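Have a look below at one chain only, the form solved without its partner chain, in C-alpha cells format.
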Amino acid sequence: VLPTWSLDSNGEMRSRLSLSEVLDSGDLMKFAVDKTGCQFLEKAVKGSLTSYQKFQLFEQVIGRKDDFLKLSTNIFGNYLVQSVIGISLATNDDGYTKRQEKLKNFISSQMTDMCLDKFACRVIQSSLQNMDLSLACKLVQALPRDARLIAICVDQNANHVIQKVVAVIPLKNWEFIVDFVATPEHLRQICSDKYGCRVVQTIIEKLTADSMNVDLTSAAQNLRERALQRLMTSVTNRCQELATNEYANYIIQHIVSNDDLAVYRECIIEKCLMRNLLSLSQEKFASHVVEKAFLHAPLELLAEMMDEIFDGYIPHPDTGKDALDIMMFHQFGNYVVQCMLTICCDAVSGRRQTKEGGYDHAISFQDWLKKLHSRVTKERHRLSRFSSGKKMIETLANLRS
C-alpha cells in the first residue's frame, strides 16, 4: 500500500526516511491511512518543523477539503488531522486566520456527517476545544436543527460532540440546543435513549447553580437560570414517563437527589410521585426514584409520603391487606420499605436531622417507626423467610442499643 520508493529490501521503511521526502512526494495520503506510515508521521510532526514543512503540512492535511474529510474519517488519519490542527493553532504566522477560517468551512459544510462518524467526531471535539472561541462558536451554529440533531444526541459517537459543546462553549452559543431538547417530542425520544440521557444529564449539570458555576457573571447566571427553568418544565411535565423508563430514571433521581435543584425535586414529588407511591414502588425502575424521594424530600413532604403509605387508598383492591403489606413483600417495593425504616431509625437515633423550618419533626418519625416496628413484629414469621425481612428485623433489633 506504501509507495515503493520508501521501502527496504525487507519491505519496511528506511530508517533515514525524512518528513520532507513524504511531503514533497505528494504521497502523504498513502502514509496517513497506513498503519506504520501514520505513526511515522505522528512522531515526525511533533519534532522541529521548518517554516516550509509547516507550510506543506497545513496545505496537505487541513488545506484540501476532500483530503481533510478523507483523513478525518480514517481510523489512522484522524490522529494526524488532530495533530496538524494543534500545530496550526500554535503557529501564529501570517495565515493563522486564513487556516482557522478554512478549517471552520471544511467542518461546517459536513458537520452532521462528521459528528456521526466514529473518527471524524474526534476531529470535531478537538477543534471545539482548541479553536479560538469565535471560530468554535461557528462550528456550533453548523449543527442541524431538525431530526438530525436527535440522531446526534443518541449516537454512540456524536453524543460526545454535544457533551464537548456543553463543556467548553458558553451557554449563549448553544442555548438553542436546550430549547431543542426541551421540546416534548424531542425530549421523549432523547430521554428514552442510552446515550441521549447522558446528554440531557450533562446539560442539567452545566445549568445547575452549584459550586462549579460560582465564576459566572450575573448575566451568565440569569441566562443559565432561564435555560434551567425551561428545561425543567419539560422534564417535570413528562416526569411519569421519565421516572419509569430504563434510562431516564437516572435523571429524575439526579434532580431529586440534588439540593441545588430543590425546587424541582419538590415539583417532581408533588406533580408526579404523590398519590402514586404504591404503584411506583412496584416498578423496576421507578422504585429507585421513590427511594430517592424518601431520602431527600423536605420533612413536610416526607410526612405526606409516610401518611400515604401507612393509610393510603388502594384503588381496585385485590391482594395484600394494605399498601404497607404489598410493598413490604414485593420484589421491588421491599427496598422502599427498608428505605423508610432506615430513615426512621436514623432519625430516632440522632443520625438524621429532624428539624426543618425551625420545628422538630422527631415526634412524627417516632410515630412512623412505631408503626413499622409494630408491623414487623406481627409479620416476623413471614419476614424471616426473605432476605429483606431479615434485614428489617435486624435493623429494629440493632436500634435497641
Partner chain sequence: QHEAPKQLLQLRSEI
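Only residues modelled in both forms are compared. For clarity, a rigid core is taken as the largest C-alpha set superposing within 1.5 Å between two forms. Residue numbers count along the first chain shown, from 1. First, how it differs from the form deposited with its partner chain bound.
Once the core is superposed between the two forms, every option in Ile314, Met274, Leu216, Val168 stays below 2 Å in C-alpha shift except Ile314. Comparing the forms between the two forms on their core, residues 13-16, 313-320 form runs of at least three in a row where every Cα shifts 2 Å or more.
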Given for the second form:
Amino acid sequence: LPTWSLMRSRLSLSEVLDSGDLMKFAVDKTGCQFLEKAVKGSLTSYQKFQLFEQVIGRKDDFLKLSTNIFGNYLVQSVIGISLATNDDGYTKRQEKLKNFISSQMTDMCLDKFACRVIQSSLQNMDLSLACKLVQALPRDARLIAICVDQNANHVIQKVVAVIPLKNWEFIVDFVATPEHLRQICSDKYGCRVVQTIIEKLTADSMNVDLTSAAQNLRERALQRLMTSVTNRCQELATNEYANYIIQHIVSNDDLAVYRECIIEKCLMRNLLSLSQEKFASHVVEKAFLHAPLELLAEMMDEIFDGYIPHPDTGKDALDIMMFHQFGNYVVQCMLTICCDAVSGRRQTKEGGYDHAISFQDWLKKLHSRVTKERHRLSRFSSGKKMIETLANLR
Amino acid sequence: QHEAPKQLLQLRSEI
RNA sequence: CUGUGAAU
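Could I have the structure of this protein in the form deposited with its partner chain bound, to go alongside the form solved without its partner chain above?
Next comes the full complex, and the chain you just saw is listed first.
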C-alpha cells in the first residue's frame, strides 16, 4: 500500500482513482475490501468512467485482477456496474470486455479466481455478447482438461445453464466422441459436466419454455449423446463416477425411452455380476425401481431362474445376492417393489396387461426363500429388514 | 477394494 | 451387515 494512504484512513474513492495506485489497492486484503464498499455507493459519471478504464479497460490489469484472490471480486463488481450504466460507452465497454476474456479464455477458465469472472460474465452480460464468449472455448484436447479441471468444469456447466444450446452444441459432440467420453465420464469433475449436459438436454419441466425448433435441436443433441453413452454403459455403470450418470438416465422419467436401451444393452444377462459391484449395484437398484413392467419381469426371471446353481453346493443367484455385502441392497429393492405393488403403493398396469399377478408371483418367491433362510437372514441388518418388510405386509 | 471375491454362476442360454 | 460423486 502507498504511504500517502497510511494503515487505513478516511479515504475517498476519487482519491484512489485519481492517484494511479488502484492496482496496489485491489490486490490488497484491506484495500480491495475498501474498494468493494466504495463502488457500492452513488458514483458520479466520472468515477464510473475511471473504474471502467482502470478495472476492465486495461487488458493486463484486467487479467492480473481477475486472477487475484481479492481483485477478482472487484472485477465482477465493476462488470456489474458497467452493465448497469446505460450510457454511450455501453457498447464499447461490453465489446472490450468480451475481447479481453476471449483472448485468454482457456487460461482464465483454468484459474481458480479468473473462472469466476468468466461465470459472472456468462450469466450477466447481454445474451448476444455472452454467446461470443462460448466461441472462444478451445476445440482440442484443452477442452478435455477444461471439463476435468477442478475450476474450469464449472465454466462449462455455467455455459450449459445460461446459454442457448445452439452456441454450445459442439461441446455435446465433443463429449460424445467415444475417446473423449471415456476420459471425461471417468473423472470426478468431468462426470458432473456430462450429467449437467444431459439434464439440460432433457425435455422436463425446466424446458417447457423452449420453442419447438429449440426442442428439436435439444432432442437431436440428446440422441447423439445417448447413443455414445449406451454404446459404453458397461464401463460407465461400473465406474466410480460414471455410475451416477447411468443412474440418472435410468431413474429419470423424462428419459424413459432410454431405460429399455440401457437395461437391455449392459444390465440384462449381467445382473448377478453387477449386483456384487460397489458402484454398479446402485445402477442395478435403480434399474429394478424404474424398469418397464415387461422388462422388469425379465430382470426378475434372470435373478430367480437365469443362472444354473453352483454344481457343488447348490447355491443359486438369489442366495449369492441375498447375502452379499452389495447384492443384499438389490434383493431388498426387489422385495420393497413387490410389497409396494400388492399393497397398492405401486400401479401394475402396462401394455394392456395387469402385472399384479406377476408381482404376486415374485413376492411369493422372495417370501418363500426368506422363510427358509430366516435364521441366516436374522444375523444381518439387511436380513432383519427383509423379514420386517414381509411382516409389515401382513 | 477390500471386498469379497465375486461368486459367478453359469448363465442360462438365450434364444 | 451393511455400500459411491464439484472450485474464491
